[PDB]
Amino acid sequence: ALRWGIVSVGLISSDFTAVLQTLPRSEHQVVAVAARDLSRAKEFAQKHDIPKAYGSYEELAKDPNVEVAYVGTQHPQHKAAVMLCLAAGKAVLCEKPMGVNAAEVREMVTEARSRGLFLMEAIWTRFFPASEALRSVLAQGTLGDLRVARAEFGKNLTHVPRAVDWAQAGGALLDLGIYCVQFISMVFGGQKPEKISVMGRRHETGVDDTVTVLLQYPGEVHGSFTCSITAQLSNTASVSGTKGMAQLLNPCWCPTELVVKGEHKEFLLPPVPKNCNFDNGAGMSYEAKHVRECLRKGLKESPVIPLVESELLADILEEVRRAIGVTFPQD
């Protein structure tokens, strides 16, 4: 079985652990958990039935029984935890955005490559059957010659402290725009944009509030997205060509409905777990199964979210964020 170590005991780690514990026991095992103190770790390990608990991340990195570490820390804490795990010889699945700026992502990627270890950014959206079906639609040329892509993800998150916290690298772009950027990149084959134009405004807590981006892609096609931590948006994503449009319906970031040229297709989520911290949290199963498949095949990265693309997505996000003057100490 693939032996998982869980880094941090917050909401996303709870969901991911719950998901892993629904999977075939011959395929996945959760063998260890770490928190920044023993008490928090022991409690999580008891609730989620994990045989080993640690009071530091370094201890989990050094556990010989752990094959892959899931890094579920807050945004600014990803890099050091990933670097620890890789230095200790673990494969790593790191929560999104992998780092808070392009330099952090380059550092993690360089480390994984130099050590010959698997690293993947947990962009779970890409593994949903609805997103895979969209990629097939594109490969088959069903929409004709492409023209434009569009994505939006906006919700009022002002009462989610983490989401609007400058110190935790929150804001529209790093919480929500990451899903828009990955979608547009996916539809246009992970290609580097030729030009980016940005408009947006800041929030009173120091983060970005609402941001729209226009991206020129090669071959005379372009994409745009809007993200917001104050304003509710349609939360759909679409791509259109000379023969028609395909859309991923709300919630686009964990989609179960694809519409192609007016035809609706539904892709049910796994039945468990129910009541996750996050919308459609059961859908994390898809990326967990993908990580196992990659490692079984001896891969050091995913062909679905390659490390060069994670670097490009971070380049884009940073460029956007700087275009409207939002800086982090890490920059």
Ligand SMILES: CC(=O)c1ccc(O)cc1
Second form
Number of protein chains: 2
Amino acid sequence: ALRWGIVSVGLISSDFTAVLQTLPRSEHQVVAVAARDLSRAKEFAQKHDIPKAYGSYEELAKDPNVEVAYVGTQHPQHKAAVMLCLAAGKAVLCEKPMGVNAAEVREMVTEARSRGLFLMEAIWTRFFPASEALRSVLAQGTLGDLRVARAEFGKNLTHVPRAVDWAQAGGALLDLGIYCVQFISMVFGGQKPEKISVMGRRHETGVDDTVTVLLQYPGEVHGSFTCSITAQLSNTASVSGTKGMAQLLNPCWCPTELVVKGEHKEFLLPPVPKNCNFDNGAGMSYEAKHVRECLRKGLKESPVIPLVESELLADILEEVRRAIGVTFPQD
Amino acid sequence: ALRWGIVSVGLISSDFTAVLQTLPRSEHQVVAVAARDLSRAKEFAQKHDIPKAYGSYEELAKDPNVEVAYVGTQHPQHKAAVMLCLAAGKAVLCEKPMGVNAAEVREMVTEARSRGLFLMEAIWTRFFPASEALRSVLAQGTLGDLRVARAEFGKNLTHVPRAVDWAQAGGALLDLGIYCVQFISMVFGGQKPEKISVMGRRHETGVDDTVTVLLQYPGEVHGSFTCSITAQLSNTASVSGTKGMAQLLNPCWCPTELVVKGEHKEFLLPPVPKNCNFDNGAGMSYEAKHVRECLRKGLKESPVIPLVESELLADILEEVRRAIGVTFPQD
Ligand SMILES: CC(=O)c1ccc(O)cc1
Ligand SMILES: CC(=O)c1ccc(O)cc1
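Given the form solved without P-hydroxyacetophenone above, I would also like to look at the protein as it appears in the form solved in complex with P-hydroxyacetophenone.
And the full complex, kicking off with our chain again.
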């Protein structure tokens, strides 16, 4: 079994741990959990049936029983936790966005690379059967030559505390834009944009509110997206070429429906678990299964989200928020 | 009755004439028609029950029986036909886009203004009950403070001859972009953009293929749209603020469905006529009825599409196609 250690005990670690505990037991075991104090960790481990509990991440890094660490901390805390894990020899699945700016990402990627160890950013959307089916449509030429891609993700998240906090690097871009960038990047082969234009505005709590971006891609195709922490959007993503459009329906960040040239196709979520903190949370299984296959083949990264692309996604996102003046201390 | 004269006898003049012939007969009469030769005009007049037929537009301009002229010619032929009508004292409803660049529009607007005569661009979408209801939602503050608007209109139109012809000023912008610009302008009070960014590409026949535009509007809100003559898009338009989204469903350029915060509302088309050349063609009635009310109150323009806005829409569109290098002889 792939032996997992869970770093941090917040909402998203719950969902992930819960998902992992539904997988075949000869395939995945949750073996440890760390929090920033011992009691918060004993409670999670009791609630989630994990044999070992730690009051620091370093102690989990050092557990010779953990093979892969899941880093589910909040945005600014990923980098130091990932590095601890990599130094101690663990493969790492890091929550999104892997880092707060590009230099954090290069620094994690370089460590992983130099230590010969697996690192992946948990852009879970990529492993949903509906996204896979979309990649297959693109590979097959079904839409003809491509022309334009589009993504949207906005909700009123102003009452979701850590969504709007300057000190947690929240904001529309880092919470929701990341899904738009990864989608656009995916449809255009992970290629580097030739040019980016941005418009948006700020929110009163120190983060970004609403941001639209235009990306010029090679070969004369382009994307645009819009994200927001105040305005509801349609929350779909599309790609179109000379023979038609393919579209991931709302919710595009955890999609279960693909529409290709008018034809609908549904891809159901696993049955369990059922009361996840975040919607469609059961879909976290797809990436969990993905990390296991990669490790089993001895890969040091995912071909589906390669480290060199995580770096590009972080370059793009930082260029976007620099265009509208939004800075974090880490820059 | 408002006595109409029909300039040009192509597909769109058919639809319009057909619509006019369904209106209360004490409200509208079609009294003449002109074409570039007498036979093409006698045939249309026979087919459409119009008492008088002309082999030049000048002869229709000069008919003292016509009160308002409908100029349904192709893009490059609007300006000379409108001017003939205005010189001869007729009110004019001119098909979209009124002109091929901004100078054509200013020149028509100036003539209309100096002669004390009604001119309107036939942006028919604006008079659809669903668009009216959308304006009302905006006026009521139902979406909260606004944030962002979005529009799309693309279809494969490469087999529609005049859509892709350099010499008819076709292209994505002038055939479909115009609907996106007018929508975006409508949602933001007809205000002038602070800034525009454009990406797109050309089509092999001398026109534009696929174009996306980002418009910065005052008060820290923005729009984006995408149009295309090769790629199918979702063909919807939306606007969102802090309390939700309103959306005109496909087909957004002649909409019958409005979705506001999840709540659907349908607005049926008039019953007749039924086999129009263009979809939802029956909806041309709304603008026809609009021209009559304006003339009855003695207006020299529409408050719904004022001449000063037609000029701004033409400025925007020309700036957009100049950004990607697409020029017509008239520039
Ligand atoms: C921010 C985000 O990814 C998210 C996802 C699911 C929710 O139910 C609420 C918020
Ligand atoms: C280009 C356009 O406005 C249009 C409208 C309706 C159609 O059925 C086909 C094309």
